[PDB]
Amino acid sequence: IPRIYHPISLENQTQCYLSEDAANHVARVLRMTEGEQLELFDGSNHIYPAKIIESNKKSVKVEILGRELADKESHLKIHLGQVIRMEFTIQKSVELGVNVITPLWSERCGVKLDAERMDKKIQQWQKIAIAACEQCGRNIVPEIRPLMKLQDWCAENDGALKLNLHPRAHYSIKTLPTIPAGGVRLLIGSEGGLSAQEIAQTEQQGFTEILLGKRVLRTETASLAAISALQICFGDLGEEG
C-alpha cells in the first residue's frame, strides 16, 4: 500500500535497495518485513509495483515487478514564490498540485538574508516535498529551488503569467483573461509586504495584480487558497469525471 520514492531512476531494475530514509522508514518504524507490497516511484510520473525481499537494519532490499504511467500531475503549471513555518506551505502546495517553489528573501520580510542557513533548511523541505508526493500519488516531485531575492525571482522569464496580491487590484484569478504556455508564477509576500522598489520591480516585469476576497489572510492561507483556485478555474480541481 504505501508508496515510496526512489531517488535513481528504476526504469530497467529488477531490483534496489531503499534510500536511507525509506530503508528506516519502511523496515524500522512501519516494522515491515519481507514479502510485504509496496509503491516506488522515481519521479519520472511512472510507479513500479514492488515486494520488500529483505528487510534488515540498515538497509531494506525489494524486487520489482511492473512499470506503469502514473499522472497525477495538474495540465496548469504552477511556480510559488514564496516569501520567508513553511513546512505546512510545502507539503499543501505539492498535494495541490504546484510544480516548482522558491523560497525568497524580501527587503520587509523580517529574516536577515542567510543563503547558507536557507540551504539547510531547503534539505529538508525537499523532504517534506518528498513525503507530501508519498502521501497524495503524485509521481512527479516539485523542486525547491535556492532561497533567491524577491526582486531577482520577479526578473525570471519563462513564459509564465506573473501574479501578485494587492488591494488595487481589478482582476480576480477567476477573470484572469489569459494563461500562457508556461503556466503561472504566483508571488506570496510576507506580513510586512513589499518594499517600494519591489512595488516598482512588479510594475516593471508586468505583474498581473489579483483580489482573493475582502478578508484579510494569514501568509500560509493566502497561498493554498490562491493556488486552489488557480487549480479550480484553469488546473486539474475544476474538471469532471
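Residue numbers count along the first chain shown, from 1. Note that the rigid core is defined as the largest set of C-alphas that superpose within 1.5 Å between two forms. What changes on going to the form deposited in another entry:
- Just one of the listed positions, 194, 50, 60, 173, moves its Cα by at least 2 Å between the two forms when the rigid core is held fixed, and it is 194.
- When the rigid core is held fixed, the Cα atom of residue 155 travels less than 2 angstroms between the two forms.
- For residue 73, the Cα coordinates differ by under 2 angstroms between the two forms after the core has been superposed.
- For residue 143, the Cα coordinates differ by under 2 angstroms between the two forms after the core has been superposed.
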The other form holds:
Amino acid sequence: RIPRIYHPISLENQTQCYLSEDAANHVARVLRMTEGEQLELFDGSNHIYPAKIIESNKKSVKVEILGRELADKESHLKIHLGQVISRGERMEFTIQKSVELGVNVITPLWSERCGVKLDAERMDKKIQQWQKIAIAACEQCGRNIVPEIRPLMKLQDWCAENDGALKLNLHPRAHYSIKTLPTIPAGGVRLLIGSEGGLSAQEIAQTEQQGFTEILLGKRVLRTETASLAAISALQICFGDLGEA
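If the structure you just shared is the form deposited in one PDB entry, then what does the corresponding form deposited in another entry look like?
Here you get just the chain by itself.
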C-alpha cells in the first residue's frame, strides 16, 4: 500500500533531502500526503529507501530516509527493444507495458516508411514524456531500476550496434519460433518491432545484412503494440522470469 516514488539522484549516504520538484507535487498535491506519512523511494540502483515526509510546503517537500534495502525485481534476461516510431501506434502503451514486462532498454527508432514528422526537438520532447511514463511504470510494478529511453536513432544504425545480444525481428517467412530458439547470448536480446504499418522492404534489407534472426509469432497478423507486448511476454516466459514469484 505504501506509495513508491522515484528519486532523480542517488539516495545513498543521504539523510534529509528534497524530493524532486515533480515528485514533490505528486506526493503533496496529487496523492495529498502530509508530514509524518511514509513512502518507498528508489533511485534506480535496484535499492529501495523507506522514508517519511518531514516538511510539506507549497514550494516543495523534504524527506528523511530511514535506510537502504536491496530489492531486485529485475528479470535475468536482458531485452533491448528497438521500436520504430509512427503515428497511431500508442507509443505510451508500448513504453508502459514493456517496462512492466521487464524490458531493460528501449530505443525509439525512425525509418523511411513509418509515418512520423522530422524535428529532433519534436521527438525529444516526446522522449522526455516516455521516460516519465517508464518511471511511473516502475513506481507501479515494483521495479527498482528504471529502463532508459534512449534518444531517437536510425533503424540502420541501431541494427548495426554490437552488444553481444541476439538480434531478432518478426516475419511470416521465418521458421524459428521464440520457443524454438537454440540459445540466448550473454548480451541478452535486441528485439526490433516495426511501426504501425510494419517493416518496409528496405528495413528488412538492413536486418538481413546485420545477421538478424527472424521469428514467427502465431498465424495471425498482430498490430505493432500487440506484437511488441506479445513478443516480450513470450521471451520472458521462455527465457526470462515470467514463471517465477
